[PDB]
Each structure stands twice: as C-alpha cells, then as structure tokens.
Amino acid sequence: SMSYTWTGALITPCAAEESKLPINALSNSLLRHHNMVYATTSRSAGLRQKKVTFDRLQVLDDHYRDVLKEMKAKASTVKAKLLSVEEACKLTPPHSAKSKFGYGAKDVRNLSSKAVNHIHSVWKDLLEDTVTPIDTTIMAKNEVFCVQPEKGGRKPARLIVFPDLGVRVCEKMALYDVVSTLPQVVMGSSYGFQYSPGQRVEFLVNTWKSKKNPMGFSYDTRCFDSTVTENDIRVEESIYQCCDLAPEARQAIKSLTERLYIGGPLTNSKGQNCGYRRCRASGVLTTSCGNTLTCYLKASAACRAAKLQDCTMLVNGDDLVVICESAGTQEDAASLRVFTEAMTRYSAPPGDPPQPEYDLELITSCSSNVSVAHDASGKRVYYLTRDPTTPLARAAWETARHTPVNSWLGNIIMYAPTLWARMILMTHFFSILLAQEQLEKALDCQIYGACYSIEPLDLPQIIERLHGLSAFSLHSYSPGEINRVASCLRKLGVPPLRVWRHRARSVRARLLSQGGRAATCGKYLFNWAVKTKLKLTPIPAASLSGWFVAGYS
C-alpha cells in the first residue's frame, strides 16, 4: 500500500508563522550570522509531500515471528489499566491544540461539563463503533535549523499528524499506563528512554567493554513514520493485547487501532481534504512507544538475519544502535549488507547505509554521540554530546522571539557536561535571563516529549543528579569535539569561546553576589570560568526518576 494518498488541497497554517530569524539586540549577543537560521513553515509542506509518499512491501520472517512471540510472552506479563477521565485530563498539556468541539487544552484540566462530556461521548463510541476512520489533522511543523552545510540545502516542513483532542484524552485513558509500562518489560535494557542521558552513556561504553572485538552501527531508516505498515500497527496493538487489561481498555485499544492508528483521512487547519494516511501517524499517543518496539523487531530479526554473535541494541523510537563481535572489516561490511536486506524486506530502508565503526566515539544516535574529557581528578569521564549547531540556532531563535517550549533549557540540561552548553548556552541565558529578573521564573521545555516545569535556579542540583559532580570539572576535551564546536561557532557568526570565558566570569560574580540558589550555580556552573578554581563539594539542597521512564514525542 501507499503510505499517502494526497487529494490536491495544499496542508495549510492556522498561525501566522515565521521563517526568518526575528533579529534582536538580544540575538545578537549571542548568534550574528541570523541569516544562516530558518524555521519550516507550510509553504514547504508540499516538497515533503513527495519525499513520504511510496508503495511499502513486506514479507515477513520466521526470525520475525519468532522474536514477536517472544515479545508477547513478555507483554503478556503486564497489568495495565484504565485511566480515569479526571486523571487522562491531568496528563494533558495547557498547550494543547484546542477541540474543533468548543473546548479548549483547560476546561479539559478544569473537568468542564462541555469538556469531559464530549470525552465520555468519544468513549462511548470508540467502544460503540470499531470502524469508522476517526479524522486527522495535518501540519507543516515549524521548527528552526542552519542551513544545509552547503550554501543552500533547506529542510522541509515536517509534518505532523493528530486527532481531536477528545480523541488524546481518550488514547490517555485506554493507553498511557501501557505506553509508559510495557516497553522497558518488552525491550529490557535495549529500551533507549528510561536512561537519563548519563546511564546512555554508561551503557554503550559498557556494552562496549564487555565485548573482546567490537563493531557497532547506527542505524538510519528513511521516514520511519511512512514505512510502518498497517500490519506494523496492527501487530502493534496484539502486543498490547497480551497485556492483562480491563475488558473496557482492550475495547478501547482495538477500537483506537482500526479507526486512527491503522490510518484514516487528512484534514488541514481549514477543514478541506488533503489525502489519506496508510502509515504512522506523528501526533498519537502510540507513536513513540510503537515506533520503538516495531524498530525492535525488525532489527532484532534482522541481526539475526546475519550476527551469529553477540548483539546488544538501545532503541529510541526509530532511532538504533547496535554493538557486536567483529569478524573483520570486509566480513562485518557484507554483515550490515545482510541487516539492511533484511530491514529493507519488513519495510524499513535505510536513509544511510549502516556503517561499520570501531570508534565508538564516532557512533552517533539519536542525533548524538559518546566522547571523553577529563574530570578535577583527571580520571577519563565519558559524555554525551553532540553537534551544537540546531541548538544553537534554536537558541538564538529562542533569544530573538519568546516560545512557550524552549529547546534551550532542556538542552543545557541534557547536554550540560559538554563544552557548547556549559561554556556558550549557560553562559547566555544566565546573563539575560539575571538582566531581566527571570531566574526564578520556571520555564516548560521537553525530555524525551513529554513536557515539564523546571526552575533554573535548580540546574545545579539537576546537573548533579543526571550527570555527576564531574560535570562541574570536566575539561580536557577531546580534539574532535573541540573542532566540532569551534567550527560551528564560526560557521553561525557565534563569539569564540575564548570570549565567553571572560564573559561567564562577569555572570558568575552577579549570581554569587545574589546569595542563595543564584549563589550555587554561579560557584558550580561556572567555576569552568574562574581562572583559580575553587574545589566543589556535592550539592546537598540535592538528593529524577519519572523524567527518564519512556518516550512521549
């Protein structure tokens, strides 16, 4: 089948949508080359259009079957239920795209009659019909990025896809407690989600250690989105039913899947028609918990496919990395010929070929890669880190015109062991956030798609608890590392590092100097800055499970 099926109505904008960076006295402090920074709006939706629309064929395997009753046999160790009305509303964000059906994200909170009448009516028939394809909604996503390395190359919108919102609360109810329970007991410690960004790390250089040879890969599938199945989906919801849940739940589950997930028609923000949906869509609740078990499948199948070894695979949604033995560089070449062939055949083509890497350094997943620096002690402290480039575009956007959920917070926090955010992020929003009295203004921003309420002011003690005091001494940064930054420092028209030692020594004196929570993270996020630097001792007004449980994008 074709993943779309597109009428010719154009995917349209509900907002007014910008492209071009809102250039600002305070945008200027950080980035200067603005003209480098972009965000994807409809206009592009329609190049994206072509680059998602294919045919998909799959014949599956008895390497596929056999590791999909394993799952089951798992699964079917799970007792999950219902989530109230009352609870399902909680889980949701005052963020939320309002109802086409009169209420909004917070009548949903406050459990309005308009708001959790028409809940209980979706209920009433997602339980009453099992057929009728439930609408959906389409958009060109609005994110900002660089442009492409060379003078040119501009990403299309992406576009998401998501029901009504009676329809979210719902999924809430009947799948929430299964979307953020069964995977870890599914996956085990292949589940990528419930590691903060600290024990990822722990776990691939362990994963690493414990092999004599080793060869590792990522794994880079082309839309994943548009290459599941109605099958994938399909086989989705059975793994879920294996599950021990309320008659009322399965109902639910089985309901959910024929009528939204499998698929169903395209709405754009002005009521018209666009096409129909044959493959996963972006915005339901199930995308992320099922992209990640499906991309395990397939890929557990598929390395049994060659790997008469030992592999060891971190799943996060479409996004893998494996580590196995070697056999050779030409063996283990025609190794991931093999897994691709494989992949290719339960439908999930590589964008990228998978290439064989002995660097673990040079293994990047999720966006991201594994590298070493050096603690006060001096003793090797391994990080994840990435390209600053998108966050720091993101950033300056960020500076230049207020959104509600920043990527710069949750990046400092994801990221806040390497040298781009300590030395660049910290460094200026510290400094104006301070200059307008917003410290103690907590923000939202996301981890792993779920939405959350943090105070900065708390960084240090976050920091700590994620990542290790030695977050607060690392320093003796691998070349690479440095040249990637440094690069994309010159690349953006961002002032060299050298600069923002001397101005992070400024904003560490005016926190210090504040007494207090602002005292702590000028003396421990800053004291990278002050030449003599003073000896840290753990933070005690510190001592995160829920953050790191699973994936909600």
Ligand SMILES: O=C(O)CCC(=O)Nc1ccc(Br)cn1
The other form holds:
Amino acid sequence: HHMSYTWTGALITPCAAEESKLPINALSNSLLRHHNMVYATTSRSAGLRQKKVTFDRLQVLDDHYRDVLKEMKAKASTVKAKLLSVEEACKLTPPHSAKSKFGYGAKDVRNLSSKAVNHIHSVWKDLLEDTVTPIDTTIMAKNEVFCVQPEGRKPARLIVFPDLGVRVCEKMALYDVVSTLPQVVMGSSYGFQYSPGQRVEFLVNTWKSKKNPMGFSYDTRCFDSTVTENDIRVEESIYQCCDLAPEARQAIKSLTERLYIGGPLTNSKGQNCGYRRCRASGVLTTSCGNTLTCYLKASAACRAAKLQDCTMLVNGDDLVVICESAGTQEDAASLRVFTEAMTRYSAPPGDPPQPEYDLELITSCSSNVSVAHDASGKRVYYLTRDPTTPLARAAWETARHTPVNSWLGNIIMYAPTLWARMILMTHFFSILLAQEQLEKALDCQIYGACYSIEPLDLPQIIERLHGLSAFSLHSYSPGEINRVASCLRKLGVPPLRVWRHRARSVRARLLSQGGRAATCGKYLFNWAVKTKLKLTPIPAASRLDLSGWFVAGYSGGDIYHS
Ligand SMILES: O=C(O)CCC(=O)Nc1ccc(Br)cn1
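Structure of the form deposited with the named molecule bound, please, following the form solved without the named molecule?
Zooming out: every chain and molecule, the one shown earlier first.
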C-alpha cells in the first residue's frame, strides 16, 4: 500500500471560533443581497476532505518520463543558487505567520530577537546533523469563502505546515532555488514569471503560432495527494543538479527525507492525527515541487500521446496545453492517451479534459483570455475570470477584517476587467473614503506571496502591470458582459448601472481629497464620466520597486515581500 495518508482518528481541530455564515453589517446589502449563498469552510467538514484525499497511489514510469527528467536535470545543472543568511530569511517571514511552538513568534523573527535567531541556528544545525527523523507538522482546516454551487458546499482544504523555526531554515536552504530554478528548467512554460498581461500575451502568441490550434486544460484530482515519494525524491534530485553550497546540499537532502517526503500530522490540540506520504501544502517547495512534477508528467504524457508542436503553461498543479490540431477526431483520441499516460504517472483527472478550438473558452488558473477595445478602438486581449468567488470574498471582507484582503489582490490582478473596475474599485474605495483609510497599507497575496500595499498606490501599480489601457478599456465582449451580469443576479448584487451611478460619486469624493486620492479618482474612475479626462503616464509609477512581483509562485510558502 502506498496510501497518501493514514489516520489515527483524532480530529482536525480549530485554533479559534470559526464562522461559516456570511457576517452582515450595514454595508453588506449595498454589495450583495443573497447572503445564504456565501459561506466559509471550517474544520466541521475536514472529515469529508480526509476521505477525498486518502487513496492508494500507483506509478508506472516509462522511457518518456525518464527522457524528460534527464532533459530537466540538464537545464537545472546550469543554475547557481545561494544560501540566504538568517537575517535575509527572517525578513521574508510574514509579520502574522504562525508562532513557533518554541517560545517566539513571527515578530521576534522579523526583529532578529536573540531567542528566535538562536533557535533557528539550532534547527539548522539539527538539519545538517540528522537526515532521518521525521519533522513534526500541524494539520489545519483552511477557512475559505465560496459561493454555494447547486450543481452545494466544498469541504475545507487542509494545510500541513512545519514549525516557524523550520520554515526559516527552508528559506535559507531553498528560497533562491525555488525562485530561480523553475524558469531555467521550464523556460516560457513557467507560469509564475508572467504578470496577467504577460500571461495573456504568451497564450495569444502561442495560439497564433499553431496552423490549426487546439488547447486544453488538465485538471488533476487532488494533485497534492497524487504526489508520491518517488515524485518528491525526483524533485530533490533536480534541486541537487544546481551549483549549491555543500551546507545547502545537506539541508535540502535533510528537508527532503524528514519533511518533504512525509511525516506525522499533529492537530492544534497537540494530538497525533496520522501520517502523510504525499505533498505537504504548507512548505516552501509546494509551488516549485508541484510545478516541476506537473511539467515532468505532462511533458512525458505529451510524448506518449504524440501531440504535435505542444506548448505547455504550468503554474503548480494548474496545466494548460496548446498544440497543433490533428483534426477533431484525432484530437479527442490524443487527449484520452494523454490522460491515460498522466494516470499511469499517478496524476488522474478530476473532470476529463476536452479539446478547445476557441482560446477564450480555455480556463486556466481559474482565468481566461477575453477581448475589449482601447481608447483608439484597437482590439486588446486581457485576463478575466468568473467573478463569483471574488464577489463572495468581497462580501465577507465588507463585514470582517481578514489576514488577506482578496479584493485588493483581485483589483491588482484583474484591474482591466469590467467587474473589478465597476464593482470592486467602486465598493472598496467608497468604504475606505468613509473610514478615512486610503493611506493604510493592507496585506494581500499575489502568486501565494504576501504584500503590504497602500490602496492609494493602485493607479501606479496598475499602470506598471497593465499599462494605461487598463484605465481606458471599453466594448467588452457580449460573453464577458453576460457572465458578469449573470453572476450579479445569482448573488443579488446590484446591476452594473447602479455601480456606474455609485462610481461617479466615489470619483467626485476622491477628487475632493486632492493628492494621491484625486489621482485614484482621476485614473481608476475615468470610465464613470461622460467628459473623460486625458490619462497620461504617472511619474510615481516608474519609482515603484516591483521586483519580485511576478518571478515565482510561493503558495503555502510563508513568503512576505514588504
Ligand atoms: O463601448 C462603449 O464605450 C460603451 C460601453 C462600454 O464599454 N462602457 C464601459 C466601459 C468601461 C467600463 Br469599466 C464600463 N462600461
């Protein structure tokens, strides 16, 4: 038996009171009236999740798999990675990261307190000295907000993470590796190197490079749970191809053996819940490991399937392939073979993949390409998504402060979209104005890494990522308009015409404030007025240090970039 998990029967327990019901305040109804459609996951559904993610994995590795791996190792051998100092690793820790079980917290780490630093040193020495003893981890149910899907509720996802002292050691050994290796190994196929605009450009340029394009997304069922001991050792063998300090080689070996491959699961109350033999969701290498393993299995599966001129785009477990169509009959056959190959490699599908011949209909990283027009009438492709989950989360954040402000990450990632501009920007600027909180930095997440961002810097941040056209887009596609309008009806959100009316008020209110607030009024809400102002490059935008923003994925990796 090669079971993903074994369980003792102890429960996955909360740390505090969990709310599942949408909190309601005086602001809630201005955004969303169908309150019973919005919920948060809690530890109450963790048992259901346990059942889904617990299964036997079989793996049959053929020559396509070994050929691809050999090519990947060749590329990896060109990477030179450095050790981070303790201070550098400490400064990457989020201020509100989970405290150590050993008497210090994230703030002590960030401040380089003698107690934190001495313990980190001792964890580091232990990693060098011992390469066998499984490292303890905490298992928790994530509290995440969704809209009910009648087609009702998702069980909580699990997060599995080692102690704070270990997490700092991971950064020291592996931050530079996980930040640099994936793009070297995968080239343009590595999704996390792209802003949303660069993602769209890569997908558009790829689609146009095929004589008769076909594309598909591949949805692996419970990817983390499909990741086998073999997979994690193969990831380590790729890491070791790098030019590394010998102390780094040893830490990486030790972390692989003791943490990455598996280990005991401890609940919040300190009881043993069981044992993991698959990917831990809360380690530094979760994103890089998943991306490498997905790309390996998929590249080999493409060879088994004989897909012609295939181009992959991989972001963790999220995979899209664009290739040369062999007619629609051979295309469907090819996907069945690809799927069979993936399954043999232990990556079976959730929903079976389907050939797509319209780029705008391929969803990947929950997103799709769509088309609008810029100020000169030119067709412009941009990244959008179904706004259901963004709006459900915004409703929650309307009434509750949360560690991660999804609305702000959403504005940043989806600035050019109809729904971020009309609803998210309007709603939240209105709240910030009222509470005089425009100048207060808020934490958000981009590709899993944490950023502290002042809302007043949004115009500059958006110009830098999306360009000035994000403030000028118009004539959105009927399909996009209709999906947005349909989502509002579903959630009981007021129609766009209401938001336009509200935005004129928000705009005027921002302009009245002068300074950076007026700039927000001017740039972000130019769409709301008939007498449209000329938007010109913002001098402040070029001064913004946006390095590290779209370099790598860090989901579960405990990374803070501010
Ligand atoms: O195509 C036009 O100019 C009329 C409809 C249109 O695109 N209006 C619009 C533009 C941007 C935003 Br945001 C909302 N509505």
